[PDB]
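With the hints as extra help, turn the sequences into a complete structure.
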Amino acid sequence: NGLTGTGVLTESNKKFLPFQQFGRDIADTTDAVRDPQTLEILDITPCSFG
Amino acid sequence: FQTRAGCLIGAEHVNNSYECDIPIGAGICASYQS
Amino acid sequence: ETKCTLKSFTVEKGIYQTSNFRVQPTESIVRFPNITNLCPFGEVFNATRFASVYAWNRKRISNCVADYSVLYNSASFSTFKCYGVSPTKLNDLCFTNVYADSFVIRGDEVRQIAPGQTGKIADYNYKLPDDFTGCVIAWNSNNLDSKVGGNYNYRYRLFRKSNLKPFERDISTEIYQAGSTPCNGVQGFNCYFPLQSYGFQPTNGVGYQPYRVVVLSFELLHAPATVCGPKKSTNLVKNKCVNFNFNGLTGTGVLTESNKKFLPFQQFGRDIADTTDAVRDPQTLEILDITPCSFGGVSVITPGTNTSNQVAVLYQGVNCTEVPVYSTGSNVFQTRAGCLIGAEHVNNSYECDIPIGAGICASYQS
Amino acid sequence: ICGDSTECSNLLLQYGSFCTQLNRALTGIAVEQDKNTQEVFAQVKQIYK
Amino acid sequence: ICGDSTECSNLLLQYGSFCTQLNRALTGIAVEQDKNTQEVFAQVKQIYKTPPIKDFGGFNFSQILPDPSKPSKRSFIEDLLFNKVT
Amino acid sequence: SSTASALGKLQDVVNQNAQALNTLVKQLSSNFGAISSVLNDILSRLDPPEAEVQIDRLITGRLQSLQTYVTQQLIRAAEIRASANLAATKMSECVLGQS
Amino acid sequence: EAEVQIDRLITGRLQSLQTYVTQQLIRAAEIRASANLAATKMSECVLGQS
Amino acid sequence: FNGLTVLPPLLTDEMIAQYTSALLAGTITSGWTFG
Amino acid sequence: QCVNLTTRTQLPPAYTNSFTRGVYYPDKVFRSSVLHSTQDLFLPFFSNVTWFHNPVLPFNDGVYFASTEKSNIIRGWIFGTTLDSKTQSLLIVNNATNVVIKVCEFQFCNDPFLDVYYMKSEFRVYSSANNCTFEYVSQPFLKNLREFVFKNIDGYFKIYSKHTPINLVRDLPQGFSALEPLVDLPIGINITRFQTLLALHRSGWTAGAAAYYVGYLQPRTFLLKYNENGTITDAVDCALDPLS
Ligand SMILES: *[C@@H]1O[C@H](CO)[C@@H](O[C@@H]2O[C@H](CO)[C@@H](O)[C@H](O)[C@H]2NC(C)=O)[C@H](O)[C@H]1NC(C)=O
Ligand SMILES: *[C@@H]1O[C@H](CO)[C@@H](O[C@@H]2O[C@H](CO)[C@@H](O)[C@H](O)[C@H]2NC(C)=O)[C@H](O)[C@H]1NC(C)=O
Ligand SMILES: *[C@@H]1O[C@H](CO)[C@@H](O[C@@H]2O[C@H](CO)[C@@H](O)[C@H](O)[C@H]2NC(C)=O)[C@H](O)[C@H]1NC(C)=O
Ligand SMILES: *[C@@H]1O[C@H](CO)[C@@H](O[C@@H]2O[C@H](CO)[C@@H](O)[C@H](O)[C@H]2NC(C)=O)[C@H](O)[C@H]1NC(C)=O
Ligand SMILES: *[C@@H]1O[C@H](CO)[C@@H](O[C@@H]2O[C@H](CO)[C@@H](O)[C@H](O)[C@H]2NC(C)=O)[C@H](O)[C@H]1NC(C)=O
Ligand SMILES: *[C@@H]1O[C@H](CO)[C@@H](O[C@@H]2O[C@H](CO)[C@@H](O)[C@H](O)[C@H]2NC(C)=O)[C@H](O)[C@H]1NC(C)=O
Ligand SMILES: *[C@@H]1O[C@H](CO)[C@@H](O[C@@H]2O[C@H](CO)[C@@H](O)[C@H](O)[C@H]2NC(C)=O)[C@H](O)[C@H]1NC(C)=O
Ligand SMILES: *[C@@H]1O[C@H](CO)[C@@H](O)[C@H](O)[C@H]1NC(C)=O
Ligand SMILES: *[C@@H]1O[C@H](CO)[C@@H](O)[C@H](O)[C@H]1NC(C)=O
Ligand SMILES: *[C@@H]1O[C@H](CO)[C@@H](O)[C@H](O)[C@H]1NC(C)=O
Ligand SMILES: *[C@@H]1O[C@H](CO)[C@@H](O)[C@H](O)[C@H]1NC(C)=O
Ligand SMILES: *[C@@H]1O[C@H](CO)[C@@H](O)[C@H](O)[C@H]1NC(C)=O
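Read top to bottom, the protein sequences are chains A, B, C, D, E, F, G, H and I. Here PDB author numbering = 1-based position in the first sequence + 543. Sequence positions in the second sequence follow PDB author numbering and run 643 to 675, 691. Sequence positions in the third sequence follow PDB author numbering and run 298 to 621, 635 to 675, 691. Here PDB author numbering = 1-based position in the fourth sequence + 741. Here PDB author numbering = 1-based position in the fifth sequence + 741. Here PDB author numbering = 1-based position in the sixth sequence + 938. Here PDB author numbering = 1-based position in the seventh sequence + 987. Here PDB author numbering = 1-based position in the eighth sequence + 854. Sequence positions in the ninth sequence follow PDB author numbering and run 14 to 66, 81 to 145, 153 to 176, 187 to 247, 257 to 297.
Check before you lean on any hint, since a few could be wrong.
With a Cα cut of at most 27 Å, we get these calculated DSSO-like pairs of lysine-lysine [unchecked claim]: (1) 1028(F) - 786(E); (2) 424(C) - 462(C); (3) 776(E) - 947(F); (4) 1028(F) - 786(D); (5) 41(I) - 558(C); (6) 462(C) - 113(I); (7) 187(I) - 154(I); (8) 786(D) - 947(F); (9) 113(I) - 356(C); (10) 278(I) - 557(C); (11) 41(I) - 557(C); (12) 97(I) - 202(I); (13) 790(D) - 1028(G); (14) 356(C) - 378(C); (15) 202(I) - 356(C); (16) 310(C) - 776(E); (17) 278(I) - 964(F); (18) 776(D) - 825(E); (19) 1028(G) - 1028(F); (20) 206(I) - 129(I); (21) 206(I) - 557(C); (22) 964(F) - 557(C); (23) 786(E) - 811(E); (24) 811(E) - 795(E); (25) 1028(F) - 825(E); (26) 458(C) - 113(I); (27) 356(C) - 195(I).
Derived from the structure by calculation, the hints contain no laboratory data.
Shown next as structure tokens:
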């Protein structure tokens, strides 16, 4: 929905309140999203590097 | 080999213990013998 | 100078750094190759016929002496706009592989010829690189390039799968499918010919009269120079701090005869840290050696304005060979730290008052 | 700085080596930390019981 | 920064007094180095000399006590140290 | 005499100083977004009003690099001074008397 | 002008990184001084009577 | 993580505890002679 | 005027080891006692180089052509897209006298050969050449290994050459030898394929032992070492082995 980024998406158990769309924790780092169609919470983690 | 510092290839894991010369990390290190 | 640097009218005893000294250049030298054949410019500028915009005429010119001044001062050009260089200095540079692109376009499209420009010609007929260096020339041609019968031989690309590449030519003439049905070489529904003709007529007003456009593109130090400009070459001078203009490469220093073993395809040498070290003169093919002129720092030794007003001068790390206001002063001493003027050497040994360096120092008595 | 962008990498390329010395300083700091711990704690030739 | 160009100097002149500070820092560093060496080594007031006869109860200091043959008046160990490091 | 690499500290100090000088002098060959990395070429192709734009980029890049070098030198000098004080104490205590 | 905007972002982020590195260096010097003091204390007061 | 990583220390906690244990046993049993 | 060849020596090509061949001077700047890192098109070390004992071969980006030939059987080369008059093509010949470089729309034959009458005059490579664009003449190029590197960059055709007598019988020598630049051409073509020319004894042709090696270039970074006299003496390939 216009919020773009690279990572890997898995299932998540966080309970969004019915009007948010995504969440962040510290320093504006998105961690969870809600898909616009199925309306479920997905968790984003970065692709591995080193 | 899989270590707390990551993954290591080209080295053989042994069950002995020697003095440390080339530090790797997490309390393990490598040496030349191979 | 010490007072000015310390921003005070009184100075206490010590040593202070004030400024630097440099040998100054004496004369100038210029070296260009013997080539003097005139360069063909009116042949392409006064060419009768110019190709279409999609088939822009491309010419390569080299091995000549080009005079841009006659092009610069002439008022026949309506638009004369350069990008990477100021026009007035085109007579001071020697290039290689000059490229000239000539075509004819409408009056209103001349603006589209520019780096980072978007339009119709700028992406479907002719593209210029973002870092393009050179110049663009445009002039009206409604007198001869416009026909009362309608000029239809001039065509431009109108449709393509994607935008072009810089300095890329497209000449393919294939039907374009604008929709979801195959064309099979039929210009019907959702199928169009990519080329569109023009309606150049003398009766048309400004913005529709034909205009001739030629762009000149250069390069900067990619090969031995082959196309130069009008400039006289002087004589060569050795062992003199002079400023030189070797084949368009400018600099300042002393030239020495060098024994470096060049090989017949190098044009100039270089050392660590990427500094131009040696050059080969075009007229003689001799390997020279560049060296920067002598320079260094200066320091003043004073016992304090409270006590006296006479001082000594130290030139740091400079041999007592090129001294030149204290040209003579007193006896001159040469030390591992440089050269010293205004103090007298003695062969005793006391404690150190004003440290100078290399285990020696000065004090007041003189 | 760039976050996996080609144009950003190309633009950053023309700043010379502003990044070799940063990593050099960080690695020096890390080696210093390891040496600090080793020299403050390792002071016996044997392990007594 | 400028490499002996007047225009560059004129442009740089409007950047304030950065260069005075930069030179002052380096001058402080150099003076500090000289003071460091002087305070480390200059610990005695007089230059003592060893006696010509050397009978120190059987101890042998010849490898450390300076050798007059060397032009720099250094000793064997000091020569080895100076040769070892670039 | 036989075994080498016993003087790692002094060699490391020399190497650090040499490396700092080397990178400082190598920084002179960067465009910093300008059209060239040499001043004479810019001055010999362009009129002043457009030349100052490039010269500003050159100036700011070189000046910023110079400040970085100076700061690193200050830190290293502080560390060396601490080591020198330790050496002076050691010579005063373990040479002029029995510690 | 995307190049101009990216250049502004690049110089800002580079300045921030430089600041962080310098602060890290200062803190590391302080910690090294503390560690040297700890080593001397432990050598002098644990392995012998002071 | 946004391009930054944390490296583990070379000496793990067990080894540090073992050093402390050895030091303390040595100072209990042998006095200062073991130094 | 040409005839088709009937002898079909059809067989899979051989493969051998490239070792450390194919190093040339990248720029025209003198240097001495300096290690220089440069990124350009090169032949990757220890690559699989094809060996022939005259098919059609794609040009790719660059071509490394080597031959330990004796009596100089090989003559020249052909470059182009379709090798017909419909498209511009390039032609290189190194005969007994000065070498001839041509750029025209020739009409080549299926089996471009030369024929040699023991009277050495025969030319049966192309039948027609209506549109010619470029011409050039230079000094002739010529137990003995000869190596050439062909590049086509920015409307410039670059040819590097190097010859050295050899004593080894079959395999490519395991030595190091930089390739000084030979010739540059300011001509821009859309070359995609190339051929090779032979000198058969028309006295009745007898030529089946034509052993040469062909390799392709890739973009990568090398580290070159210069000596005191400014001659490249050794090199290191970046992306070959972790130690590299
Ligand atoms: C194209 O031809 C015109 C002539 O109509 C040239 O203009 C004149 O050229 C002569 C050459 O001897 C000069 O003496 C005149 O001063 C030019 N101007 C006029 C108004 O007569 C023009 O120079 C030619 N184009 C180029 C590029 O040379
Ligand atoms: C300053 O310049 C003079 C003059 O060149 C140097 O004196 C020369 O020294 C070399 C080396 O000993 C001799 O080979 C020359 O014959 C000397 N020239 C003369 C005219 O006597 C002097 O060495 C230089 N000083 C320094 C510190 O380099
Ligand atoms: C102190 O030790 C040195 C060697 O370190 C002794 O010098 C040696 O003397 C013997 C006997 O003349 C020679 O054969 C050796 O060649 C000497 N060694 C060197 C390195 O020159 C010296 O004699 C000792 N001092 C005393 C008083 O015996
Ligand atoms: C250079 O020549 C080759 C052919 O030798 C061109 O490749 C053709 O490309 C078109 C467009 O994709 C295809 O329809 C043809 O089938 C290709 N030909 C072959 C034989 O595969 C190539 O486009 C040419 N390059 C340029 C820049 O003109
Ligand atoms: C050789 O060049 C001539 C001219 O450049 C080519 O003749 C052109 O052929 C095309 C074919 O459609 C015509 O549209 C042009 O009008 C012709 N031009 C002239 C001036 O006659 C000829 O085809 C070329 N020969 C080839 C490519 O084999
Ligand atoms: C080698 O090829 C050339 C050209 O195909 C033949 O003709 C020579 O061409 C050059 C070009 O200007 C002339 O200068 C020469 O005078 C021509 N003749 C000779 C003998 O060089 C040349 O005949 C060919 N040589 C052989 C032995 O076949
Ligand atoms: C590098 O150049 C030097 C300087 O010429 C060479 O040293 C001598 O070169 C001459 C040729 O002018 C030979 O006749 C000598 O035999 C060379 N001296 C020797 C080999 O000791 C040197 O050979 C050149 N090559 C190298 C690798 O240094
Ligand atoms: C020795 O080490 C290997 C792996 O390094 C392990 O699989 C094996 O069980 C060990 N042997 C013993 C006796 O512990
Ligand atoms: C250039 O001209 C001068 C004088 O005519 C001549 O001495 C010199 O050899 C010429 N240079 C070349 C490369 O021919
Ligand atoms: C410095 O100046 C004072 C006067 O302010 C004077 O009394 C003193 O003698 C002077 N010291 C010198 C000249 O050494
Ligand atoms: C300088 O040295 C000479 C001999 O080297 C000596 O005679 C003289 O007294 C010394 N002092 C002066 C001031 O000349
Ligand atoms: C080259 O490729 C062939 C494929 O048939 C293979 O057999 C051969 O081992 C390869 N050469 C090398 C050096 O790997």
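The hints, checked one at a time:
| no. | hint | verdict |
| --- | --- | --- |
| 1 | 1028(F) - 786(E) | holds, 19 Å |
| 2 | 424(C) - 462(C) | holds, 6 Å |
| 3 | 776(E) - 947(F) | holds, 21 Å |
| 4 | 1028(F) - 786(D) | holds, 25 Å |
| 5 | 41(I) - 558(C) | holds, 14 Å |
| 6 | 462(C) - 113(I) | holds, 25 Å |
| 7 | 187(I) - 154(I) | holds, 24 Å |
| 8 | 786(D) - 947(F) | holds, 24 Å |
| 9 | 113(I) - 356(C) | holds, 22 Å |
| 10 | 278(I) - 557(C) | holds, 18 Å |
| 11 | 41(I) - 557(C) | holds, 15 Å |
| 12 | 97(I) - 202(I) | holds, 26 Å |
| 13 | 790(D) - 1028(G) | holds, 24 Å |
| 14 | 356(C) - 378(C) | holds, 20 Å |
| 15 | 202(I) - 356(C) | holds, 21 Å |
| 16 | 310(C) - 776(E) | holds, 18 Å |
| 17 | 278(I) - 964(F) | holds, 19 Å |
| 18 | 776(D) - 825(E) | holds, 25 Å |
| 19 | 1028(G) - 1028(F) | holds, 16 Å |
| 20 | 206(I) - 129(I) | holds, 22 Å |
| 21 | 206(I) - 557(C) | holds, 23 Å |
| 22 | 964(F) - 557(C) | holds, 24 Å |
| 23 | 786(E) - 811(E) | holds, 25 Å |
| 24 | 811(E) - 795(E) | holds, 20 Å |
| 25 | 1028(F) - 825(E) | holds, 24 Å |
| 26 | 458(C) - 113(I) | holds, 25 Å |
| 27 | 356(C) - 195(I) | holds, 23 Å |
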